[PDB]
Amino acid sequence: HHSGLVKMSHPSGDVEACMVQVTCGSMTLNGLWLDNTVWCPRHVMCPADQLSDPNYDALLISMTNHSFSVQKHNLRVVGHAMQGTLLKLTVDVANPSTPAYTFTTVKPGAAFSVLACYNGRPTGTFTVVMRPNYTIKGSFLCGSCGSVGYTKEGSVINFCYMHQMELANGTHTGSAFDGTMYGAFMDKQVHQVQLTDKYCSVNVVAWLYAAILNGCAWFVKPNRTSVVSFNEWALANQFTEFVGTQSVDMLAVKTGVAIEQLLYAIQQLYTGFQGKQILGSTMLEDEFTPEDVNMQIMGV
Amino acid sequence: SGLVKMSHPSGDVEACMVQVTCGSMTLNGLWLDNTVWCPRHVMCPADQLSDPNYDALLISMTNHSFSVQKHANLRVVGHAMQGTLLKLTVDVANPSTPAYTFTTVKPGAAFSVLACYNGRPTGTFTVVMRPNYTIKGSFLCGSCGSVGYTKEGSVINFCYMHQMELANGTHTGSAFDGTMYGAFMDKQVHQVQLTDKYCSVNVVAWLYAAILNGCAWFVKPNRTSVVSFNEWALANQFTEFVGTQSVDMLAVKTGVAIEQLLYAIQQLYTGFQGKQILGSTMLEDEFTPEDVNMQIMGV
Ligand SMILES: *[C@H](O)[C@H](C[C@@H]1CCNC1=O)NC(=O)[C@H](CC(C)C)NC(=O)OCC1CCC(F)(F)CC1
Ligand SMILES: *[C@H](O)[C@H](C[C@@H]1CCNC1=O)NC(=O)[C@H](CC(C)C)NC(=O)OCC1CCC(F)(F)CC1
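Residue numbers (PDB author numbering), protein chains in the order written: chain A, -1 to 71, 77 to 303; chain B, 1 to 71, 76 to 303.
To be clear, the hints were calculated from the coordinates, so they are not data collected in a lab. Take these hints with a grain of salt, some might be off.
[Unchecked claim] Calculated pairs, DSBU-like style, for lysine-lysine (alpha carbon to alpha carbon, straight line, at most 30 Å): (1) B:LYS257 with A:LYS155; (2) A:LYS224 with B:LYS257; (3) B:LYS140 with A:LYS279; (4) A:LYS155 with A:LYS140; (5) B:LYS155 with B:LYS224; (6) B:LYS201 with A:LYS70; (7) B:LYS201 with A:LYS279; (8) B:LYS279 with B:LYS5; (9) B:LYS224 with A:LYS5; (10) A:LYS201 with B:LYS279; (11) B:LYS279 with A:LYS155; (12) A:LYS201 with B:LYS5; (13) A:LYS140 with B:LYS91; (14) B:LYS70 with B:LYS91; (15) B:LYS70 with A:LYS140; (16) B:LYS279 with B:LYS91; (17) A:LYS91 with A:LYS279; (18) A:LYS155 with B:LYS140; (19) A:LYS70 with B:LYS224; (20) B:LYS201 with B:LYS140; (21) B:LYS279 with A:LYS191.
[Unchecked claim] Covered stretches of chain A, going by a simulated chain B footprint (3 or more residues, C-beta under 8 Å): (22) 47 to 57; (23) 133 to 144; (24) 203 to 211; (25) 231 to 243.
We treat Cβ as the ideally placed atom computed from N, Cα and C, and that holds for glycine.
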């Protein structure tokens, strides 16, 4: 029985209609056009010269509205401001296809969709999980900066990521729309070290519930570890603190298996499945959220 | 690794999705110009679903028997049946119709799916048409009429319309010429599904991806020719390998010949013996040569 658990993205049409190309002097990258505002990474101001230590405050003061051109794929720039690692440009036409939206900062273990773009043209979409060291996997080439990540609630888009960087191990990071870089990385072309990754406990738990729902509950036992005992165990064993949610509780009702029983299962499975499989895997999986499992397996 | 399950942006296709209702049944349709395509079992009452007479159902229908709703409503002015699909004609041409073709895909080909419910796009993912003509993905009740598609240039190729779930939880559907992949039938009955196989050309692509990422411990000078590997594939659950320009480009860039990777595959099939390739301990066959070119090179 194939599970039905797949990496699934939100439809990107609403976001595709907001993607533009932003150019400053020699550099070009993507931006997000919402109403009369265009968002993009501030390193579009940096010339290839000074990328290893740009003075962004200095670059900004050196700019005029005429320093920027936004091309859609006719937008005069009439304002420019900097917000953390982002530019907040103002243009004289409101995007007619602006969706309803909010901004959020995702937390580790949450998933979102990314629309990868090059020169203002959407080219691909995929789903990522914000890792406990605040990097993401995904696929991003040169020219992808300014690609955006988002979730959907209703037909409301929650914008949460704007792409900035590749890290040393090949993972990626970017800004939230308040200007802050996920993981405190600097938007400078300087070697930087990401922290060690961990297993997202709550996603692992959702995945075992997915397993149970699929008729694989061989790992379930009456044994229970409390959330508190687990969370102390987790410090020493490369797991995140478990945090319960309504979404997880609904999987426990549906299956009749308590979160504490799966916390115990994780302590045992973490040393290996000992020859057994779960959902065709020999390792614990943590890139499926409880929402994914409710939505994809129970249509909730 | 840099190699991920990546779908085509779905906006061009969202604009074409509608809901089609016929009596009790409701599902999704595809609205292109003055035509709305949908699975013909929208005509079947729940009761008669195990062996419908689609020919008799269609003659009993009038144009008012189909209701079509966008998320406006669209007046049906013609109805016809093409294999397992209905071809409805509506009096409004979809003003956001993309340039499109209807090409049937072959095993090993990957395409994007836009999963919809009651005419509303709700998710997108990428699947591989397996050698037994099934796909995986995620399809719940209400998902029939969801479409699979690729985009080459400005042109969308529509290649799949969702019809059913098999007993093992895989899925299958129609091409837009009205044929069902794998000649499954659009009847609610247990059906014999052929045995799966590894898609050899996709395994080669993935090995090239490994090479491109600095993981080449498995490459030897030894070679196995295409014809020899294909005789072996018959006995070991692999598809015939057929090269393409896209694979040739991976060979050019890495300097590793196809034939070296076919030898490697014959040896890696018995076990990696404690090694990993791109984080994996089994052969991966769900990424195409085109995927590897695009995601690791930009072609
Ligand atoms: C913008 O399009 C581009 C996207 C990356 C290119 C390859 N993959 C990408 O995601 N962003 C950059 O090139 C940044 C620009 C700086 C001003 C932030 N730099 C960068 O991505 O590479 C330098 C890395 C090297 C690895 C590291 F971990 F050490 C950190 C710096
Ligand atoms: C249309 O929305 C629906 C989609 C499936 C519902 C569950 N997952 C799906 O992808 N398709 C159907 O309901 C078909 C209708 C027929 C007229 C084709 N039937 C179906 O998919 O389920 C019945 C299967 C169950 C397993 C089996 F081996 F017995 C074969 C029949």
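Against the structure, the hints come out as follows:
1. At most 30 Å may separate the alpha-carbon atoms for a hinted pair to count; B:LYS257 and A:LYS155 exceed this at roughly 40 Å.
2. Restraint check: the Cα-Cα separation between A:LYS224 and B:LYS257 comes to about 52 Å, which exceeds 30 Å; the hinted pair is violated.
3. Our distance criterion of 30 Å between C-alpha atoms is met by B:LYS140 and A:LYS279, whose separation comes to about 23 Å.
4. For the suggested pair A:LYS155 and A:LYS140, the alpha carbons sit about 20 Å apart, so the restraint of at most 30 Å is met.
5. A C-alpha spacing of about 36 Å is found between B:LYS155 and B:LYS224, which places the hinted pair above 30 Å, so the restraint is violated.
6. For the suggested pair B:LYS201 and A:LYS70, the alpha carbons sit about 45 Å apart, so the restraint of at most 30 Å is broken.
7. Proposed proximity of B:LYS201 and A:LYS279 is supported: the alpha carbons are some 23 Å apart, at most 30 Å.
8. About 23 Å separates the Cα atoms of B:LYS279 and B:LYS5, which keeps this hinted pair within 30 Å; it holds.
9. Taking the CA atoms of B:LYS224 and A:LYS5, the gap is about 34 Å. The hint is violated against a cut of 30 Å.
10. As the CA atoms of A:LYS201 and B:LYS279 are separated by approximately 22 Å, the hinted pair is consistent with the 30 Å bound.
11. For the proposed pair B:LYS279 and A:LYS155, the alpha carbon gap of about 40 Å is over 30 Å, so the pair is violated.
12. In summary, the hint linking A:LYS201 to B:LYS5 is supported, as the alpha carbons are separated by about 22 Å, within the 30 Å threshold.
13. Annotation: proposed proximity of A:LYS140 to B:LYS91 is violated, straight-line Cα distance about 42 Å (limit 30 Å).
14. Taking the CA atoms of B:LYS70 and B:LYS91, the gap is near 17 Å; set against the 30 Å cutoff, the hint holds.
15. For the given pair, B:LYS70 sits about 36 Å from A:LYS140 by alpha-carbon distance, which is inconsistent with the 30 Å threshold.
16. Simply put, B:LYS279 and B:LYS91 have alpha-carbon atoms about 52 Å apart, too far for the 30 Å limit, and the pair is violated.
17. For the given pair, A:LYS91 sits about 52 Å from A:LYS279 by alpha-carbon distance, which is inconsistent with the 30 Å threshold.
18. A hinted pair counts as satisfied when its Cα atoms are at most 30 Å apart, and A:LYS155 with B:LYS140 qualifies at roughly 24 Å.
19. Taking the CA atoms of A:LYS70 and B:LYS224, the gap is about 49 Å. The hint is violated against a cut of 30 Å.
20. Of the supplied pair hints, the one linking B:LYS201 and B:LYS140 holds, its CA atoms being roughly 14 Å apart against a limit of 30 Å.
21. About 36 Å separates the Cα atoms of B:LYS279 and A:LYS191, which puts this hinted pair outside 30 Å; it is violated.
22. Requiring three or more residues with a Cβ within less than 8 Å of a Cβ of chain B, the coverage given for the segment 47 to 57 of chain A is violated, as only 0 such residues are present.
23. Counting residues of the segment 133 to 144 of chain A whose beta carbon lies closer than 8 Å to any beta carbon of chain B gives 4, which reaches the threshold of three, so the coverage claim holds.
24. Check on the segment 203 to 211 of chain A: 0 of its residues sit with their Cβ under 8 Å from a Cβ of chain B, so the three-residue criterion for coverage is violated.
25. Using a Cβ-Cβ cut-off of 8 Å, 0 residues of the segment 231 to 243 of chain A lie near chain B, which falls short of the minimum of three, so the contact claim is violated.
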